[PDB]
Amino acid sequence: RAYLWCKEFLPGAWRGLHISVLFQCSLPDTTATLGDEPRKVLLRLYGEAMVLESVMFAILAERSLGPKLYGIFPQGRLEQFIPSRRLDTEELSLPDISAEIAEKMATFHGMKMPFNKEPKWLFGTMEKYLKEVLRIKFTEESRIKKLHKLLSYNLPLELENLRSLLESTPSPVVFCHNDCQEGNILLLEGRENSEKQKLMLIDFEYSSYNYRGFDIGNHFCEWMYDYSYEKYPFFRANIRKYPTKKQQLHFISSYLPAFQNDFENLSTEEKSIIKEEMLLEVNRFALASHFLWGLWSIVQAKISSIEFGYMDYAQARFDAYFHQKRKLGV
């Protein structure tokens, strides 16, 4: 099946003619490349709505901000295989890494995409997941209990509180990644010694026009979560790992001149004003990351096959939401 996708969609030596588990499709080591065709490709089997993700991946491939698109078919797609590794959670805090993510995020934000520019994504998704959460019934007594504790916060009332806080919080609408976590950041092989070009932002499943503060606040929230933990619930949460004001300022001091052209040419006092207001903007939007992903995770506990403690994760996001509300005095 994959043999016929790689044979029919790929040029040169493939048109004549190895697979590993996502799939790593390759040509034999003794086979000589006829031209610029790839020796090793990546196959993505799935399992509007595909029209938008496809056009987006095609555009990012064309603009070199994503992996190349080699083939597109109903069952999935053939993409460029990038020799790399994903970053770990502890590396998000590294100054060079943090500064590069901010630059790669700033670049992604300035991109013009053929999608709805109305920032509906944030609240529309939260309402969609909230409507589902209130009608979910679990069979297991342990899950019924965990849900009962989450529903006890009165989620529709909390959403209206978050709505009022965010409406009185100006944040520009940009093309957001919406999932800027370590698992979506590639550390490029060989390029490890590069100070400012060793990374790549990937996996645009959630990308849309959204409030800038959500992409930044959401990334700040991601410093607290490590999804590599090998024992149940298959994640580790650490509130103390949220960026300090200094680490948050280092991130924005790299984000701002990379996004706003004039920024560098402003006065020291003016630069601090934009920055101080930006810390308020992103820390408020961090609350929407906890809320969005917390609701998402309850819906995921009901529908997903994947081995992950979804209900514990929802509780860890809701704990962080209330902790962050307290920190902000909101």
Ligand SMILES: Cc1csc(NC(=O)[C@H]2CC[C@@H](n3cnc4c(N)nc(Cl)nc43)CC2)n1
Given for the second form:
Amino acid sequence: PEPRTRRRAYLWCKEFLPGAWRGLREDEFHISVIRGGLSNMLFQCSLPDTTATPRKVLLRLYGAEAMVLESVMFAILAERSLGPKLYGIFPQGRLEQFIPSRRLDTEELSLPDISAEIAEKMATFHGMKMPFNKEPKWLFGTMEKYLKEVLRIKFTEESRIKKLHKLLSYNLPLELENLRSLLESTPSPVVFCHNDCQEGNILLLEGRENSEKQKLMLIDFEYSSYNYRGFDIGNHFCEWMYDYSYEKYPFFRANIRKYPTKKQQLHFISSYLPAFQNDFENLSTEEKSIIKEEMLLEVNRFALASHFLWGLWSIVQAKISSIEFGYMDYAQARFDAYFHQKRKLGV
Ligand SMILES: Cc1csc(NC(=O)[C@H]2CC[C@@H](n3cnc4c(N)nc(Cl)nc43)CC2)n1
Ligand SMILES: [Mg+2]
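Given the form solved without the named molecule above, produce the structure of the same protein in the form solved in complex with the named molecule.
Next comes the full complex, this chain leading.
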């Protein structure tokens, strides 16, 4: 961090944080990076070990309408103990509780205890009443948004042109309508969705590793909105196939075989349903199975919208992102998986 901003950070923490931060000099202010990106940047600010009395906070610099919303949403989830505590909010960013933890790894998503908890937390999130638009316009609204951007994009480099040409050759505008007809035919309750429920957005809390049902916290609610519940679950299933930790180009690995098996999907929803609908436990065996089977159809259909949306999203990112990542390859992997899924489903 360039030392000019190492100043601002100091002030933000001097002004906004209580106790020993109030009477802190600039010569005792440690702040390391946590993640660059020139957008939604994260830093760890802390005291010297020498200063008696929180000792560590996270600072989030925004970088690049939706600012009002994100802020209220974060504040609400903090108030309700569903998110990190909010300690300071300003134009450039916010100071948040630092949660001692690590992000999950992809392989961990399939661990029965982890899956069960993720299902529980998503269910809780889905139960939240939030002060936002309750109409489910997000999913197609966003896909149309990205689609229009996609059709406008021109790349100078030659292989990017060929990659894009291959993607445009699927006839994306017609394929979107194909998905619309399928998804408008597939009922799914509208709820407050995380919309980006990937391993990277799930913290395993330090010293709770032994807890069976209470070791996780969903974070990063950048894409959260009222949306079809099938999207949140289908999208999460899809994330079983993608590992963003790979250290070589394109900086992800995709594995269609790691998509949850029927059994793994039933285990997830088995834990989702009681958590979401409290009386669910008390239905007949017959009735539970009906709901489960319907739910498998629903989530596996919406899974198609996860490939499609993130596919489009990734083409745009290839134009405009500063992040070192193989977007065009990722987009192609999402479309591969999209068609593979349509084939598996007979749609
Ligand atoms: C150099 C360095 C020191 S620590 C670090 N990375 C990490 O600790 C991981 C795991 C914890 C995670 N984290 C903890 N609190 C939060 C929070 N409030 N919001 C978000 Cl979005 N993430 C949070 C950050 C990413 N890098
Ligand atoms: Mg993943």
